[PDB]
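Single chain ahead, written as C-alpha cells, the form deposited in one PDB entry.
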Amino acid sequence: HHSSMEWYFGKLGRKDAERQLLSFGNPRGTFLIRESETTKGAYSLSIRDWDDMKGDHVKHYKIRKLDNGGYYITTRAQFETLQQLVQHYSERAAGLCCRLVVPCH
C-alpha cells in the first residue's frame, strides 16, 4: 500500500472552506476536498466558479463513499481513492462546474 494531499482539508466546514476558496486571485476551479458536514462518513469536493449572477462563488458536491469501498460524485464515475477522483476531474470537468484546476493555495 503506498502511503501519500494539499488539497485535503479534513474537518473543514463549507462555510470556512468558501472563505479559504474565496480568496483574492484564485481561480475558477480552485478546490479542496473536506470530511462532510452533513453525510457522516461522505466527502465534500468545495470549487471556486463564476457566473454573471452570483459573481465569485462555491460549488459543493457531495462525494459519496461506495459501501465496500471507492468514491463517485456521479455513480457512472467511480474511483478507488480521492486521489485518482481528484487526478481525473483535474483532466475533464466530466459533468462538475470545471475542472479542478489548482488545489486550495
Contents of the next structure:
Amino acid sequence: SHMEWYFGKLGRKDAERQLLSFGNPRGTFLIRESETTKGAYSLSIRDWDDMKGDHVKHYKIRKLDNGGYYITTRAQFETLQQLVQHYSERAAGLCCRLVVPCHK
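Just the form deposited in one PDB entry so far, so send over the form deposited in another entry.
There are no partners or other molecules in what follows, just the one chain.
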C-alpha cells in the first residue's frame, strides 16, 4: 500500500507546474481531488512528444456506484477506416488489438 502519488487538494494548474519541474521523467504522475467534479479524482501525467515537448495530461477518475472507480476515454476519428487502422496497431484501451476481419 503506497500512497506516495496522492496529493489531495491540488489544483489543475498547480499539479501542472509541480509535474513539469526539472528532472521529472516522462510518466511522472500524481492523483488529486477533481476541481470540476465533486467526489471525483484526477490522474495527472507528464508526457512528451516531438511536437509539443513537455506537457501534462489529466484524466478524470469517477466513482462507480456500489464501489470503486473508473476512467473513461473517447477516441475520435475522421473515418471508420482510420479507427480500424489505429486499433490494429495497438490495443490502446480496447480488450485487444484488432487482428483480422471476420471472414464472410
